[PDB]
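Given next, in structure tokens, is a single chain: the form solved without this ligand.
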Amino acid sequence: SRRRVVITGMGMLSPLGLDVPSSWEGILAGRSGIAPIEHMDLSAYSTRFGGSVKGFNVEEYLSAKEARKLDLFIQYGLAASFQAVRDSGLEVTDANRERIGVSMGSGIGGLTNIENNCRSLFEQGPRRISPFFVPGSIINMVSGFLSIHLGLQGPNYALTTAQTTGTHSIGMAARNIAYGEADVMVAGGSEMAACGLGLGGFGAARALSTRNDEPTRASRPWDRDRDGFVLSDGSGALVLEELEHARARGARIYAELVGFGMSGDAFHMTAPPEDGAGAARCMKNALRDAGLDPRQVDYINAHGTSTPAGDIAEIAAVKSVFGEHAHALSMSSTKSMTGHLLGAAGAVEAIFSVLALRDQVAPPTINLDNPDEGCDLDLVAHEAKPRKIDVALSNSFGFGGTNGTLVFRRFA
């Protein structure tokens, strides 16, 4: 048998704000965080907009000297991680430090640091490569730097499962706690891919919306005029905690993480199967894991990337798993507002799934002006919908056909 896992701390950088409550405010108001990218010549690029983190002050978290050593994606992860730990009220001690671990991931990692260090390599030669290039860029340095700053001696690792990173990180952090390997984990993901390599790289695959004239309308999941995902930066971190540990210190419990599902499509490198067979298996795995019937699910935070084939696979998958319950659950894409934070998408959308539970409100899918063929589910078009939510799912579907599902329940 198995220990129960609750959420006692949440932290976030998003295109909607510098913390969870500002972000959540934007979500329920249907605000877009998408805009032309600044301080950067995108003249030769077919996409010139995305979700940037606006006004981020790393010196709230690190000295200028330590921040200079770390890629933006690491700064973002640390910000969310430090917010999440502070939000939890947890005190690290000699008595508990070996029971507190970290799993903060990234899908794409340190492109900004790779670009600057390439610029030096090609222009001047290898002698201008930063000494901090490697430890300042490697994906596991959010877990590493967090563990060093706070003295965490529990499981220390990082997932990289592309657009599924955040979902997987949180789920496998929850298994560490459930199976007694840890009492507390900081888990989630961070990403800064709004640079030339990210816009360029995704641009070259024609994966990105090129709607440069109306950036706020670019991300339009399940809408017949969608033309690919919007690329976005940020981080999400949760403090996961064994229930008895949380109750003993009198922790505030936002929700219970009751279920985690993983699956592989074994289909295509970037395209999901049309019927979403992988996403269906993954969601069924998560519900079986939670001991729940599909009928008990009230809210789904969709992957909902605004890609032609991705959005319609998730409709198929939901209809397949949920049968005659499929129209009764509400399902929304907060990527309609935030765009796609890649590896951090699962982390911030777990937070939105938890806050949907706390506030009894389904976040909207904005821009859903003209649902596409078969997109006839309750996709919460345009406006937030207050409703009953006991159980919320969060899905992520990534490149290589890697799937993640998290199941959260109201706690009382």
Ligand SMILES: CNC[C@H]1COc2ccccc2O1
Given for the second form:
Number of protein chains: 2
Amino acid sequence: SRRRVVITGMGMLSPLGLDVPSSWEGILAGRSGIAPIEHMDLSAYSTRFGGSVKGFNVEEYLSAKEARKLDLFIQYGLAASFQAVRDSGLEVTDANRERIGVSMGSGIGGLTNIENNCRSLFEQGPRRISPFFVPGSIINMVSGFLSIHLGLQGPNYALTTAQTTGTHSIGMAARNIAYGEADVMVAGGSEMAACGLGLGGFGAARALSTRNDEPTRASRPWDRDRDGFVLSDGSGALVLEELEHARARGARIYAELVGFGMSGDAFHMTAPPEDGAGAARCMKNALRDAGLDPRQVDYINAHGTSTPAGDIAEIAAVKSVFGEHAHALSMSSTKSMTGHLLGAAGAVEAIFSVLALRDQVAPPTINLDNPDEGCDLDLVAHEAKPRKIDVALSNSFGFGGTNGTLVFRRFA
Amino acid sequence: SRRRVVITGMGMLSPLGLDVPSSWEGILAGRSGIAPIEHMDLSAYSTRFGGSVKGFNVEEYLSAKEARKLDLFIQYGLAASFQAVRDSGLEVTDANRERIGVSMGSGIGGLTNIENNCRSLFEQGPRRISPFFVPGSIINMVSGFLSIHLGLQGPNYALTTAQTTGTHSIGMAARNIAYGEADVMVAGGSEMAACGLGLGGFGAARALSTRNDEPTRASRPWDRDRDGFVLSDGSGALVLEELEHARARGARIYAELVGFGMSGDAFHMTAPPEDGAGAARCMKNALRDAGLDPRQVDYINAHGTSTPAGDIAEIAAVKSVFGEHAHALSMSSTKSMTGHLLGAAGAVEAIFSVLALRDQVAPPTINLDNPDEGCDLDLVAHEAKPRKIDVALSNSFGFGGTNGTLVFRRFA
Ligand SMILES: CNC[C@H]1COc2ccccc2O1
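Next up, can you give the form deposited with this ligand bound of this protein, since the form solved without this ligand came first?
Below is the whole assembly, all chains and molecules, this chain first.
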């Protein structure tokens, strides 16, 4: 059989807040974390805005000397990781440290550090490159640094599945636990790609909204006026825990992780198939994994990136999977407020999906002023919607056509 | 319940050849793939050699029009994946495409690509960034591009765990099959970090051999005169397959994958503990995973990087895990010849471990002229050793204290 897996801790940095309760407050209020990027000259760029983390103090987590060694994406991951473990009340002992592992990932990793060490390399040559460049930039260093700080000796790994990283990190962490390889895992993702190379990289593929005049209105999933996604920074971390382990130590359980679906589109490098056939298979796989009928699903945290083709594919995939229940369920994109945290997107959207269970409210899809053709579902336009939510889905569809779905259920 | 997993296909680019057999003949003949580097000018660098892939012809695999858009690491990953799938005899169909996934990883990913696009950003501005920069550079696109070309709609992901990437990738792809999430996975990794930032970054940390006047003698695992690892490029992919599915289609089976271990050292960001404590935990998890008596292990393919601390820690780990039987088994580092393919190390070395079982020979550790204090095991100095091998183990250890062990045995 299979052990059940519960959420006992959550941590986050978002464009909405420096922790979960502040971010969730922004979500339910419909606030935007999008704004022109500061302390960066973007004159020559077609996009000049996104979701920055505002006022982050790494010295709440790290000495200034240890933070200097580490790319912002790693700092963000450690901050969410540290928040999550503390949120869980968990006490690490010699008796259980071998049973606690980490799977924190990144889409893109250390661009900002890579850009700054390039400056030195090109200007002054190879000897001005930092000694800490490699371990300070590689994606498995949130997992590494976290495991070293807390004495975690369980499964230590990192995923990098572009915009699906957060969803895949959590899902596969839940497997580790379910199949008895670990009793506890810290899982999710972090991202800081708002450098030249990120805005330029995504800018060159014309993947980004270029609505520089109204940055708060740029991210407008399923609206007829959307012109691409909004690039955002942050981290999410959940503490995943075997149910009996959680009950024994008297843990507060937010919710149960019942289902994880993966699939591949095998279609295109950056664009989904128009009918969302891959997101449909992935959701069906997640619901089968959870032993649930599609009818039982109440709330979907959509990928909902605000790209023409991505938004429309997700409607086709929901209508396909859910048939006559697809109007009954509520589906929103919190990217309408946060923008697209890429590899952290699924970590923070898992947390929003768990909080929708706790608080019995669908987050809004803000900026959905004029739904596009066939976007006739309950997309929770403009304002939060209190309702019954027993089961909640979080979807992530990324480059390479890599799909992930998480199923959360109320736990009592 | 838990299914058995066998190797039906393998593929490789190494510094010793453009496939498996050509690389293997070099391994058995104690040939070095290490040479001064020619694809760029390294006079400002403290280390000017490595294991390059020689005469790689991407137009054996890909149209030049697609090849141009992709980092060499992805080209290398696809070349090894394509070989492995062809070598498997597997035929992809509507009936089985949902059950065939891919997990091809990398340590650092498209560093060359990110460097070149950085140069363009700094010298010429953001409008000279390739539209292919992102999908052409991010680590999950070996998994992405493979799935698209072959139509693999199974689990689609990528691991980034530094120098452990290949072992973890192979090990967790086996767990996918073991637990029924897939019947087939293509798993391994690819690295091409031989650019300014690579040799520069590893140079800045003083990790690399600087034996520039004798590059073939630089990588000398467990030799008293070792002075850092040698940086090498390439790819390894295997087709992992449920046993009954392999039997059902008359698949040739190289060997069985009976054991996977992970652990975290939780010691240091880049230094292994001198006692090999995390390594020992990892190998013990793997042998317990395979239900084996440690005395059944005949051959260990060591991580064996040719760093002072790494090499001694491995001896300590092996002595501690294997006690007196540590003196009966054969251990070698093929890094003595290939150098360190970082994220791809685990993938090529897993294939060497399988060929050690097929051909009943321990590959040599070349350059082991003066074994260091305490390095008194059978490390197969200088020359291949024909011997009985039923059980073969492949170890990797990475930055972040991340450990991986794979256990293989003959299948009849
Ligand atoms: C063990 N629970 C506390 C976590 C979160 O707060 C931390 C902050 C800094 C360093 C370690 C930390 O550990």
